[PDB]
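The chain that follows stands alone, in the form solved without its partner chain, written as structure tokens.
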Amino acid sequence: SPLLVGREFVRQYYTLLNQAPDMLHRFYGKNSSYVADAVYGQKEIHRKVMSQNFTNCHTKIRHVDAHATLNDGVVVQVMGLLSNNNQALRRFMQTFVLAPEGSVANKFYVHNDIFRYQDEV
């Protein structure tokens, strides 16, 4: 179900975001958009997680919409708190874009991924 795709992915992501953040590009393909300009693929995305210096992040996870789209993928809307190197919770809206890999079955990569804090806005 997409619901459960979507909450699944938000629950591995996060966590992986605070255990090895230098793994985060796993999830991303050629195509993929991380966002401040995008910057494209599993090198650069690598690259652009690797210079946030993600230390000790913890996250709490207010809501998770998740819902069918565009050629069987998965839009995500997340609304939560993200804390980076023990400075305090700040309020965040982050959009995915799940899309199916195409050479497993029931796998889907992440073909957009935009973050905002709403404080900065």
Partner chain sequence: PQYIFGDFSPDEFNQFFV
Second form
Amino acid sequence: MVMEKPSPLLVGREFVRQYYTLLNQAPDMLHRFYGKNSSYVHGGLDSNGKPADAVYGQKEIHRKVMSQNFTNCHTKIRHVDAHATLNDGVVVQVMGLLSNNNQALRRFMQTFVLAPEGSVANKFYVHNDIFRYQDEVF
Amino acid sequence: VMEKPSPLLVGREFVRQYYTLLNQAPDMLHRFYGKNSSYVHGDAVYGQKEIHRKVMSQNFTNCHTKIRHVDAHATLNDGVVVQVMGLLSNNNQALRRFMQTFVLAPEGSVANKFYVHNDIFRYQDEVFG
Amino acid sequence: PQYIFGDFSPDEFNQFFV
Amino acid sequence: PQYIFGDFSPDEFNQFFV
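Mind giving me the form deposited with its partner chain bound, seeing as the form solved without its partner chain was just shown?
Next comes the full complex, this chain leading.
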């Protein structure tokens, strides 16, 4: 009954659909993916012309998501690649289009790291979430 | 809490070394990787010998990089995950916007020393067609 | 939905992810 | 480089990284 480690690509494509399903349906609940040492960034520019910084931990991630204005978010996933990494982790690379409150779709580049939770089988958490729009950066 | 290195400083140091070498000697790129490293430049190849061949088949000539942003964070088991957003021009063809994802794992012995456990590259133009 | 990705009770999962 | 990456001798290091 001893198993193989789960397929990285399948793990990655099912997480990415859950992630973007929740962002549209109840983004007050995105915080549930994240742990104590989880990094999060979702685009943004500062006072200078310069990309905005990461926040750390559940409660900081939650208020950060809340302060963004996720209303009837629409997503198109153009690219998903996933590979085993350290400690039976999965690294996921995503490129797509995102629109908030039915404004224009903007192109994006994202990287996730999923860590085993270790409790049940097939149970993961998001250790890292790096999301950047292409316009704010290029 | 062991005075872990700064992930950003580790990130920016690896990124200068990588693109410096990609330009100056792409032959030597395989020296970043271990036996269980995965590599994609748009099916994955694993380990130094297979990665070296993949490198060579992509003729890296007078290869010019423009990095626009770099994000590095600490990940599982003392790793650093790095997303790069840049432009690449190979043999003075038109600069093409790319995304690259790196995972950097500690060698376990030597201090301040890392190898590349994951390398994923993708041109954005191939994806938004 | 073969994989679980955060802290969710059973219904929360079958509200959002089935 | 206070930080080493991959498998290089100090001689190769000087030629490329400094």
